[PDB]
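There are 2 protein chains.
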Amino acid sequence: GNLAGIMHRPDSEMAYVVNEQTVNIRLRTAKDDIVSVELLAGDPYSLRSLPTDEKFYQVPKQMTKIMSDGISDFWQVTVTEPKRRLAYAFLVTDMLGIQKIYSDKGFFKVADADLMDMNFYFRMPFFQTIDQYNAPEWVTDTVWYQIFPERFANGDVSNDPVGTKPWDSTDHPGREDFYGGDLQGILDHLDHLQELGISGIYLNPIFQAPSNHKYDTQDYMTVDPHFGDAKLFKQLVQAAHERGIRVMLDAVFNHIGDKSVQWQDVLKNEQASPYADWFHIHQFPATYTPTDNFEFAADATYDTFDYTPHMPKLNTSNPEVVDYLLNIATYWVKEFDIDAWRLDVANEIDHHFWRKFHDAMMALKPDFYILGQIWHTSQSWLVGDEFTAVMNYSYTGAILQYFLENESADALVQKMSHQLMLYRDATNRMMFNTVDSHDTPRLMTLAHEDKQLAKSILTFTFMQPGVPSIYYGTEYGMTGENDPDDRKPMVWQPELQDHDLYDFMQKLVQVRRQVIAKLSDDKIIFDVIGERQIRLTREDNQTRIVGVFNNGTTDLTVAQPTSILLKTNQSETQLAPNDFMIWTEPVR
Amino acid sequence: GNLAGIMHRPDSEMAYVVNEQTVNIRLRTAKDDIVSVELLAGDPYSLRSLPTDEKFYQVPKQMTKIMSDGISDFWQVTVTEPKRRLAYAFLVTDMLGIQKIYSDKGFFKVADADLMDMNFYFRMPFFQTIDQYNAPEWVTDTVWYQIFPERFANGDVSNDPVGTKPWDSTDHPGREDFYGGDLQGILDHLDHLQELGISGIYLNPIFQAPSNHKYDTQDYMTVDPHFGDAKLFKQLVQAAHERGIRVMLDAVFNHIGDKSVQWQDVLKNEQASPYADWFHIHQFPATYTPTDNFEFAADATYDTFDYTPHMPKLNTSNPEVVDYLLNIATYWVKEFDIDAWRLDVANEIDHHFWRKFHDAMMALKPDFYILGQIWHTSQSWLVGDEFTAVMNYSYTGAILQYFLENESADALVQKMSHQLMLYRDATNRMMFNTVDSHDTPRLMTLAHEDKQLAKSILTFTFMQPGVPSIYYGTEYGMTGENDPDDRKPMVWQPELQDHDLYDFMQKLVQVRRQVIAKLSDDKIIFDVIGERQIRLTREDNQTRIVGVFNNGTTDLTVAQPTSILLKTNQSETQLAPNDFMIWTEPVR
Ligand SMILES: OC[C@H]1O[C@H](O[C@H]2[C@H](O)[C@@H](O)[C@@H](O[C@H]3[C@H](O)[C@@H](O)[C@@H](O)O[C@@H]3CO)O[C@@H]2CO)[C@H](O)[C@@H](O)[C@@H]1O
Ligand SMILES: OC[C@H]1O[C@H](O[C@H]2[C@H](O)[C@@H](O)[C@@H](O[C@H]3[C@H](O)[C@@H](O)[C@@H](O)O[C@@H]3CO)O[C@@H]2CO)[C@H](O)[C@@H](O)[C@@H]1O
Ligand SMILES: [Ca+2]
Ligand SMILES: [Ca+2]
Numbered sequence: 002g003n004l005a006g007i008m009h010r011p012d013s014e015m016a017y018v019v020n021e022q023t024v025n026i027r028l029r030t031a032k033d034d035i036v037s038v039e040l041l042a043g044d045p046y047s048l049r050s051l052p053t054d055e056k057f058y059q060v061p062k063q064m065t066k067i068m069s070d071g072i073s074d075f076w077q078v079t080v081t082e083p084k085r086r087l088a089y090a091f092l093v094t095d096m097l098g099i100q101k102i103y104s105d106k107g108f109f110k111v112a113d114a115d116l117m118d119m120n121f122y123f124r125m126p127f128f129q130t131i132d133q134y135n136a137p138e139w140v141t142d143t144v145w146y147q148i149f150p151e152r153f154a155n156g157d158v159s160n161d162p163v164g165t166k167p168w169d170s171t172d173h174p175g176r177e178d179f180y181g182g183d184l185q186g187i188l189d190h191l192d193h194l195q196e197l198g199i200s201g202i203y204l205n206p207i208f209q210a211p212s213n214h215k216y217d218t219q220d221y222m223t224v225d226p227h228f229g230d231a232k233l234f235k236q237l238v239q240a241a242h243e244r245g246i247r248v249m250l251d252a253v254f255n256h257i258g259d260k261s262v263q264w265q266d267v268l269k270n271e272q273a274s275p276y277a278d279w280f281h282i283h284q285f286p287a288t289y290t291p292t293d294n295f296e297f298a299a300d301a302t303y304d305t306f307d308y309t310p311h312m313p314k315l316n317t318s319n320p321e322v323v324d325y326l327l328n329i330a331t332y333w334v335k336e337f338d339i340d341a342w343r344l345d346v347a348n349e350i351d352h353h354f355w356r357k358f359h360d361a362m363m364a365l366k367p368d369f370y371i372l373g374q375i376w377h378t379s380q381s382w383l384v385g386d387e388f389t390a391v392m393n394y395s396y397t398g399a400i401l402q403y404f405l406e407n408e409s410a411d412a413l414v415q416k417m418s419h420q421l422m423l424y425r426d427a428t429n430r431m432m433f434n435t436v437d438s439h440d441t442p443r444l445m446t447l448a449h450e451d452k453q454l455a456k457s458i459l460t461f462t463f464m465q466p467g468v469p470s471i472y473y474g475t476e477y478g479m480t481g482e483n484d485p486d487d488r489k490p491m492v493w494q495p496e497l498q499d500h501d502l503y504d505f506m507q508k509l510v511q512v513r514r515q516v517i518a519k520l521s522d523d524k525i526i527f528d529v530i531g532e533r534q535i536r537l538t539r540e541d542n543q544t545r546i547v548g549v550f551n552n553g554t555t556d557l558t559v560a561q562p563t564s565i566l567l568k569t570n571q572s573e574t575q576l577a578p579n580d581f582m583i584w585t586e587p588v589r
Numbered sequence: 002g003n004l005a006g007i008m009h010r011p012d013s014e015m016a017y018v019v020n021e022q023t024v025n026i027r028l029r030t031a032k033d034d035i036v037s038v039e040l041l042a043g044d045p046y047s048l049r050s051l052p053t054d055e056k057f058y059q060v061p062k063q064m065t066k067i068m069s070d071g072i073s074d075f076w077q078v079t080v081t082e083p084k085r086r087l088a089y090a091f092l093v094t095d096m097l098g099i100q101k102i103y104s105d106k107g108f109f110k111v112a113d114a115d116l117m118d119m120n121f122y123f124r125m126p127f128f129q130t131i132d133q134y135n136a137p138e139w140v141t142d143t144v145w146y147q148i149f150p151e152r153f154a155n156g157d158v159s160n161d162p163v164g165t166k167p168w169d170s171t172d173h174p175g176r177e178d179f180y181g182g183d184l185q186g187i188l189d190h191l192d193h194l195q196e197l198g199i200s201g202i203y204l205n206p207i208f209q210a211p212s213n214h215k216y217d218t219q220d221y222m223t224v225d226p227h228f229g230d231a232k233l234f235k236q237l238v239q240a241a242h243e244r245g246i247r248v249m250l251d252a253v254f255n256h257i258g259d260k261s262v263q264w265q266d267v268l269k270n271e272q273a274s275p276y277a278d279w280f281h282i283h284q285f286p287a288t289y290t291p292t293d294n295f296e297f298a299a300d301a302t303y304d305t306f307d308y309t310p311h312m313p314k315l316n317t318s319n320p321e322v323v324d325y326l327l328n329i330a331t332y333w334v335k336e337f338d339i340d341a342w343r344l345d346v347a348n349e350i351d352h353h354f355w356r357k358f359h360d361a362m363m364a365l366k367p368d369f370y371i372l373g374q375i376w377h378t379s380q381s382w383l384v385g386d387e388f389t390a391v392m393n394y395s396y397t398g399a400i401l402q403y404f405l406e407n408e409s410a411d412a413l414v415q416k417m418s419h420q421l422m423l424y425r426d427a428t429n430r431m432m433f434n435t436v437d438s439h440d441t442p443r444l445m446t447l448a449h450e451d452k453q454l455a456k457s458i459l460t461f462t463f464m465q466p467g468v469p470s471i472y473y474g475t476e477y478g479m480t481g482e483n484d485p486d487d488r489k490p491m492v493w494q495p496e497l498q499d500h501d502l503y504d505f506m507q508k509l510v511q512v513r514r515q516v517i518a519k520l521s522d523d524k525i526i527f528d529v530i531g532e533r534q535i536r537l538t539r540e541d542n543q544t545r546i547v548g549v550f551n552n553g554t555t556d557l558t559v560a561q562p563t564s565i566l567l568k569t570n571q572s573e574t575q576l577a578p579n580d581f582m583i584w585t586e587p588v589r
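The listed protein sequences derive, respectively, from chains A and A'. A prime marks a further copy of an entry chain. Take the first sequence: its position 53, counted from the start at 1, is 54 in PDB author numbering, and no numbers get skipped. Take the second sequence: its position 314, counted from the start at 1, is 315 in PDB author numbering, and no numbers get skipped.
Worth double-checking, as some hints may not be accurate.
Heads up, simulated SDA-like pairs for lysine to any residue below, C-alpha to C-alpha not over 25 Å straight-line [said to hold, decoys possible]:
{"no.": "1", "chain 1": "A'", "residue 1": "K357", "chain 2": "A", "residue 2": "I72"}
{"no.": "2", "chain 1": "A'", "residue 1": "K335", "chain 2": "A", "residue 2": "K56"}
{"no.": "3", "chain 1": "A'", "residue 1": "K32", "chain 2": "A", "residue 2": "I72"}
{"no.": "4", "chain 1": "A'", "residue 1": "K32", "chain 2": "A", "residue 2": "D95"}
{"no.": "5", "chain 1": "A", "residue 1": "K84", "chain 2": "A'", "residue 2": "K32"}
{"no.": "6", "chain 1": "A'", "residue 1": "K335", "chain 2": "A'", "residue 2": "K357"}
{"no.": "7", "chain 1": "A", "residue 1": "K62", "chain 2": "A", "residue 2": "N120"}
{"no.": "8", "chain 1": "A'", "residue 1": "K235", "chain 2": "A'", "residue 2": "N135"}
{"no.": "9", "chain 1": "A'", "residue 1": "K32", "chain 2": "A", "residue 2": "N3"}
{"no.": "10", "chain 1": "A'", "residue 1": "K84", "chain 2": "A", "residue 2": "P286"}
{"no.": "11", "chain 1": "A", "residue 1": "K66", "chain 2": "A'", "residue 2": "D360"}
{"no.": "12", "chain 1": "A", "residue 1": "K335", "chain 2": "A'", "residue 2": "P320"}
{"no.": "13", "chain 1": "A'", "residue 1": "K357", "chain 2": "A", "residue 2": "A361"}
{"no.": "14", "chain 1": "A", "residue 1": "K357", "chain 2": "A'", "residue 2": "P587"}
The set of hints was computed from the structure by calculation and includes no laboratory data.
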């Protein structure tokens with residue numbers, strides 16, 4: 002066997018507590034190298050303390066191969082142990098029939114393994130629910146809608162910025178444009194969101210800031226006055242909740258704007274500022290050389306987001322900054338009852354801070370949802386003591402690459418399988434899946450205005466374990482290249498809206514909320530059935546939902562399903578290129 | 002190449018912060034499968050934000066193969082980055098000359114890799130010193146001596162337990178014997194410890210408890226009155242410090258004794274006890290069926306250490322228990338100035354508690370030493386936010402197995418290499434190495450009274466990266482099987498002491514403190530030079546210390562060293578079986 006390809010990391014996503022008496026254990030092996038894996042497991046102390054002749058290693062548990070990423074296979078088993086202490090090792094057999102035991106002490110022939118010594122084994126020493134990962138159940142039933150508030154609806158011309166342009170969804174916005182969108186506009190169109198079927202709103206930043214995007218915060222404790230005021234924000238959250246819609250705000254804690262009181266004080270007083278150590282200033286006075294790009298300087302004497310001199314990095318190791326940020330985080334939850342925080346640039350703030358943030362939020366609301374914006378693998382923030390989930394950019398990015406280019410279905414399934422095996426099972430169901438946002442090109446533009454392709458991408462994404470989100474205007478087919486062109490004014494003129502796509506999105510949201518979300522602890526299966534042909538299955542003990550996606554260049558015939566949920570061809574048996582068909586069937 | 006054998010886990014012992022601008026990065030590969038590894042690394046944002054044509058991936062950094070465990074090879078490189086943000090990927094070339102890039106996105110041909118996309122890469126997103134592992138420098142210079150206080154010296158007959166036996170180092174103690182050892186006895190023999198050269202004392206538990214070992218605590222806030230009182234303990238710590246000797250106490254926080262006020266209250270009041278939720282009680286009244294073994298019950302209705310009904314497990318998730326234990330931990334440090342805590346059964350207490358414990362201790366004493374007693378791999382407690390180190394049972398156990406049985410030198414070197422690559426480099430230098438203790442058989446008994454073999458084991462262990470400890474009486478050749486026979490009264494009668502071994506131990510302690518501890522960031526090298534023949538090298542930029550160990554059945558000839566530090570044969574060139582020779586030489 003390929004022993005270098007076998008690995009178990011104790012106390013990780015490969016060995017974790019599910020409830021007071023139950024753990025999940027995983028093993029990695031080299032792809033198709035290992036034929037079977039059994040777990041030897043039980044209470045460590047039982048071996049030499051109990052008077053019985055029976056020993057826990059005499060009764061193996063079979064592990065199941067659950068996924069492969071093309072390089073490795075992943076095996077899993079659930080174990081229950083009333084004594085809430087577990088010692089375990091793996092019996093691995095390769096394709097030639099060579100069996101070894103793999104433990105914390107390495108690889109052995111069974112005959113050479115010291116199976117009576119509790120210290121031979123890997124350990125889950127005591128099952129600690131205080132240390133475990135917990136998923137808030139309400140997220141399961143959510144479909145999110147992301148609003149960039151400057152561009153969703155102008156409900157009040159009287160708060161418009163100077164220079165506001167006429168509302169025109171066909172514009173190509175510049176970086177510094179204003180169109181006057183605000184909180185009253187969101188309130189005015191809650192009916193649209195309820196009719197679409199969404200159950201969560203994700204807002205980009207709404208606190209006082211000079212820009213149209215408001216990531217360069219001036220005051221975290223004030224709704225930007227071009228958007229509204231505290232009374233109006235409270236009204237919006239209550240109106241959303243009345244409609245069964247949760248609210249997630251954007252926390253921009255990595256950096257502050259340079260027009261904040263704190264940064265202006267540093268500019269006035271230099272190192273004698275009370276805020277000097279709230280930042281990362283290498284040389285005083287804090288300075289930079291301007292360039293023709295507002296958002297770039299080569300030589301700022303302080304750390305910044307990216308290279309922009311207008312977003313000085315906050316020193317979140319400073320206890321005064323920790324207290325300031327936790328008071329902000331607490332204020333919006335306690336006073337306005339929001340349901341979730343989306344954490345901007347979350348990876349660049351330290352774990353010590355995020356553990357304090359987690360503890361503060363869960364003390365206010367045990368079912369709070371904490372979503373980190375991170376584009377790369379995020380294991381260290383998803384143990385159970387920091388975030389609930391991250392933006393799932395790597396997962397939706399792989400889906401986009403498959404549909405928009407010509408890679409094999411095997412490649413896509415390998416990438417998705419790799420992603421799922423990075424994290425605990427419950428974590429995977431909390432990941433936030435969006436195919437576009439205020440920082441990437443729009444779906445309809447990536448698809449070159451091929452609506453069938455757009456529908457395929459959305460449907461495939463809405464079948465995945467994580468929770469889906471719709472970026473405002475996707476439901477009407479809005480186009481746009483990357484920022485700022487992905488921030489067009491929302492299309493409210495019916496003559497400019499794709500009504501067929503809107504009808505489709507209503508149906509797809511209902512499949513997600515009424516069928517997918519109501520399975521009970523389901524299994525997902527990825528089957529490559531042909532060249533660029535994928536069968537996706539989700540199934541519990543009662544119900545199987547199946548989606549077939551034909552993204553090759555030939556027609557595909559499938560058996561006529563008895564209960565079709567959603568399809569794009571008029572046929573009940575034929576899929577043309579880029580067609581799909583979703584159906585449901587009882588499990589036999 | 003064996004791609005299934007290649008792995009990098011970001012934000013772990015494979016990618017960690019050393020100081021504000023510097024990180025260490027490791028890669029695992031299959032043994033001898035990969036010929037070279039280069040790191041491509043730099044500021045993620047530089048790729049698209051800087052106006053220069055130069056890109057960080059155009060200038061690779063070579064990684065060095067530092068260790069192999071017989072299954073995998075491990076590669077390492079240190080990276081400095083003034084922007085304190087790092088994106089990185091690995092260029093790996095196998096034995097056939099096939100080169101691929103390995104990143105957070107998987108394996109690629111270089112030509113297919115999206116090297117201009119910061120999200121292609123693994124990430125160290127911002128270098129957070131608040132999250133890093135820190136090693137206290139003073140531990141570097143320490144040699145510990147472990148005292149089991151009931152058995153070290155009776156300095157006061159007036160506090161002896163009823164039934165105390167005459168002091169006789171030739172006895173085989175029973176489980177419930179008392180010999181009257183106490184704190185005044187330790188004070189009385191500090192001269193012996195200073196003459197031996199030790200610089201740290203590790204005490205087994207000293208707080209009020211009914212047993213001879215005192216792991217069944219009755220009151221954590223009181224020195225056991227058969228050992229002494231608070232005034233005497235303060236005197237002992239001050240006298241130890243005056244001699245340059247640090248003090249480590251044993252914290253028994255997993256379980257309490259059944260004669261504690263808290264457990265007795267549970268027995269009196271059942272679930273109406275104010276302490277009911279300080280424990281893990283499944284059924285009230287808390288009960289068990291006694292057996293002929295005091296330390297065993299099959300059916301206790303509450304969780305216990307092992308299966309002993311006299312050590313109910315504490316519920317360290319309960320905030321009242323957390324506060325109680327942190328107040329104990331703080332009291333002995335603040336009021337008596339101890340230097341370290343050794344944590345009994347540390348793995349069975351939750352990480353949430355240990356993070357609070359760490360924060361409390363470091364707030365009192367930034368250089369505090371926190372040592373966990375854990376027999377299995379301990380990665381999750383050694384990140385930098387919980388313990389400093391653990392008891393290094395797996396490492397010294399491998400050394401014992403080599404010297405006492407007949408395995409190959411390759412096997413030993415593989416096991417030690419595996420251990421070192423589990424942890425950060427600084428952590429490895431904080432691990433606590435003892436070849437015996439109050440829970441295992443004595444060295445001289447394991448060696449079947451072969452003093453040359455005992456000397457070999459001690460010398461080999463004292464050359465390792467971790468800090469060494471001597472269990473009381475090792476320096477005079479005390480014998481003993483496992484507990485209780487490893488707890489004989491200390492041998493103070495000169496006619497019964499091995500004076501040659503004592504002289505040897507003085508010399509070995511001086512080699513450790515005057516030579517090994519004073520190298521500056523050294524490299525350790527393990528060379529297998531023959532059948533059961535090992536050359537161990539430690540070297541910095543000025544000094545190399547070399548030890549050769551001949552544990553085969555033939556004579557071994559070595560070149561005459563110019564500066565021999567320690568040897569067992571009278572020859573300066575010949576090692577007989579079980580001889581060793583340590584020397585020092587300048588690096589050329
Ligand atoms: O002026 C700089 C920039 O500010 C705003 O960008 C924010 C993004 O909108 C937000 O989603 C987040 O994105 C960054 C990721 O966190 C980071 O890891 C890396 O991938 O870059 C992303 C894009 O910059 O954070 C930024 C900063 O708060 C504003 O929306 C942009 O128009 C503007 O260019
Ligand atoms: O009455 C039970 C037992 O109590 C005392 O044993 C302690 C050991 O001395 C101490 O070092 C520690 O050892 C345990 C390890 O933590 C645990 O992981 C596993 O390896 O078992 C070890 C040995 O029991 O803890 C125990 C309990 O506090 C006492 O010294 C013994 O004589 C007595 O048998
Ligand atoms: Ca407006
Ligand atoms: Ca005494």
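Hints, one by one, checked against the model:
no.	hint	verdict
1	A':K357 - A:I72	40 Å, violated
2	A':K335 - A:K56	47 Å, violated
3	A':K32 - A:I72	17 Å, holds
4	A':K32 - A:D95	19 Å, holds
5	A:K84 - A':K32	39 Å, violated
6	A':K335 - A':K357	17 Å, holds
7	A:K62 - A:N120	20 Å, holds
8	A':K235 - A':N135	29 Å, violated
9	A':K32 - A:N3	11 Å, holds
10	A':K84 - A:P286	19 Å, holds
11	A:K66 - A':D360	41 Å, violated
12	A:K335 - A':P320	23 Å, holds
13	A':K357 - A:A361	15 Å, holds
14	A:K357 - A':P587	51 Å, violated
The earlier numbered hints that this structure contradicts are 1, 2, 5, 8, 11, 14.
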